[PDB]
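Form deposited in one PDB entry, single chain, as structure tokens, below.
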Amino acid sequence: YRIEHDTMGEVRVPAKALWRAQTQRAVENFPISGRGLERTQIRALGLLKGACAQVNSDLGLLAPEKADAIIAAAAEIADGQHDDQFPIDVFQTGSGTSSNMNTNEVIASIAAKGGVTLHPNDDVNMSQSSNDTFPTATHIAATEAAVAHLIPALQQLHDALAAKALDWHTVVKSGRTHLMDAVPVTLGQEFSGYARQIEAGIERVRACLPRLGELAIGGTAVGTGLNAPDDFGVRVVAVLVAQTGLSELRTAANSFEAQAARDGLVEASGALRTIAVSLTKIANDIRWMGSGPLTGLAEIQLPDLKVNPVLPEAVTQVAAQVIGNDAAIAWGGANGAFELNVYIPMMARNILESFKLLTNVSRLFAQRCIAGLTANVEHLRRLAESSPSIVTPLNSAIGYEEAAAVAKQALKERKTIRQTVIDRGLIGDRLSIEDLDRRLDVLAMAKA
């Protein structure tokens, strides 16, 4: 319940709080959602402030005692020790300056406990602006989410689907097109399709990384780098790559584009949206395959967590959320003006949530649904044995003309190809029953 002094009056701040007057003013200004920055965003702000202090110390602009104090305080923030010291709403000034100042104030308070006096702006914000910091922290967090978390979760799900594609390679069943009975396929072939969708999703995320990983740091207020060293960005990026192991981080190709727009977030959200579209098809097919057991398809059994398909439901709900988040991201992305896009906090919340939801639900889907599925093999074969057949595989035995007459008579009389052959008296020296049954065999028709 302490009291601090701002250039517009008094400011009451909780006693255990490491934040100062500017953060408290932002708390009072933006009571909108009641939610603040996520752990990933706080970590990236800590990483960035430590790297900037490191580079300011290397260039001789910041006394080594002050840099050491910022570096140690920043490492605690990056390590998750101060996730309760960031109370500002997501829906704040659209540069994210409020959160940038929150980080400067918390580092100054941590340093003061260790006996060092730091000015939040002149020391902790040295060579930085109110406008190049929060977007840099956003792109660090998004690139870490893509590379360290989403891609491995998607690979786990790909591997689970591919393992079923191989197990079920000869588990024949009926194909369905337009929801209507079609020629045979295998359950393994369908899973090979699901696995390719997830592999393509990993390709889509990898394709966005050259632009997602672009950082604005060094551009300062408008992109020109005024009041920063000319090589500030390239030096800070090198420290961040070294500390995180994220080789995908890079300086911006164009310092104006990197601050006037957040196009890299819009691009990345489109990859995540495409993954949500793929996951919707996979999850829907799996719940339909497990439907019933008397009123539905009853092709597979899902693991029980009459089992309701609770992980397909979680997957499809997550996909809906990614689709909505993606619309919010593109709306903010389009609406920048001149030197700055002022939708960064909202865009950051949405893209980081989409990464988190897809990573977590993919791992759960892989481990607690896909890996445990069991096929109802005898039921699936009975469905394959009820698919339509074709005459083509009889051509070499009865010739193009008799085959065509079998096709026509089967259609007219609503008979199978097999029975129409028997009924036309075609079993003989040209065609044994055995040869009929081998030519029309449903696993052979699946071409597995």
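Only the largest set of C-alpha atoms that superpose within 1.5 Å between the two forms is called the rigid core. Numbering follows the first chain given and starts at 1. Compared with the form deposited in another entry:
- Only one entry in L380, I417, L47, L62 has its C-alpha moved by 2 angstroms or more between the two forms when the rigid core is superposed, and that entry is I417.
- Once the cores line up, the CA of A26 ends up less than 2 angstroms apart between the two forms.
- Core-superposed comparison between the two forms: the Cα of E38 travels less than 2 Å.
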Given for the second form:
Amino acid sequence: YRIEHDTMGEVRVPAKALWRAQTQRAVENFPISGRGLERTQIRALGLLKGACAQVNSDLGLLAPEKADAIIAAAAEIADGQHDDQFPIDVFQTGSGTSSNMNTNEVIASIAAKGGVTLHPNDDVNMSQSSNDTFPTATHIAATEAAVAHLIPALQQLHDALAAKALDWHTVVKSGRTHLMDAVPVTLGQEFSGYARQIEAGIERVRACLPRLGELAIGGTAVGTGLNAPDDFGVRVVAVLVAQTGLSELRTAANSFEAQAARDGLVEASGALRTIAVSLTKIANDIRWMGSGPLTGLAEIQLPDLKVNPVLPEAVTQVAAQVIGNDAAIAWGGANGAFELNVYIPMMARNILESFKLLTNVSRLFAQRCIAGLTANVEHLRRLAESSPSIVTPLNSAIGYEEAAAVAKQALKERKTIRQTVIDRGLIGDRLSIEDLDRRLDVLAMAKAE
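Since the structure above is the form deposited in one PDB entry, I would like to see how the form deposited in another entry looks, so please show that one next.
All you get below is the one chain by itself.
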């Protein structure tokens, strides 16, 4: 234990900890979840403190020797060497002040090892406030999770779904509407639908990026930029864009909206919620198609990990969590007051978790489920050919009444419509075998080649 102090007085701190007194106060004040900032959030805070020290150096506001020590410690934090030094709960002051101070105190302690004296709030927090730094880090983490992780993961799932659409282009089967037998489709067509749902999901994430990428940096305490250079924002963003390659990061269109609200996180959660909705439909269909092996639909076989549909269950459970996280994000989003929205840590936890779950589960689903599905091709075609649904094209030749008798007999004898029409002696007067084969071609009915 070692003694430290802040504006309010003196505080006991673990002796070998890189954090200081404000972080220690926050440890004692918020033992709520036992969970702190994620690696992506810590990395974001590191990048931002580095970019801030760079621009403060560039405007000759910060001595070069201090800027260099900050930039080196900030590199260390962005790299992941210091996660053990961020012990503050997610459920902290709603501005993220506490985690901002955590980053400043940890950076000061790293520089102190290299023999450089930094003041956490006069050097490491120079030209900044808690109010604009913690939301900036949150939007950097979210932008990076959308562009570098989620979109590529959904592109891999899209590609696995589109590959199946192609492989299964002629695998004709019974359509189902309302869960009841309908006119024919192909597994390919169904998988082209699933592929479109994920491609549309990528379009929805891309459409939110012009507002997700907005950074509050330079707005200071209330959005006015008081105590910061007038161009602090555009300079810090230019450093982050050059360092990350994330061209989507940009200065806020309005510095007050960017601090009074987190509407860009609510907007983004909407896209993730819509993806969760798409993945629920895709995973449900796939587990139903794999159902059996005797009493279910037995259309396809899932790869093993009689196989339980374990990846569909993970996907549907992840979707349920994204929906829950979405409601929490919208709740925090609505409840800002005046110059600041004080639900940032909670909203940050939820949107970053939704990004991570959808990313990881989309890759596992694509690789370990979609890629290895095998279709019961001949069985699917036999059912499609034996369905009362395909008798309609026969009504003009044999009449409604006889069409109905053919469907009833085909079902009762478990035979194809073709073999029932022959069995009933309808060939000859009503139509020829050539006519029957044209009318009952289930692949032509599916309007596939």
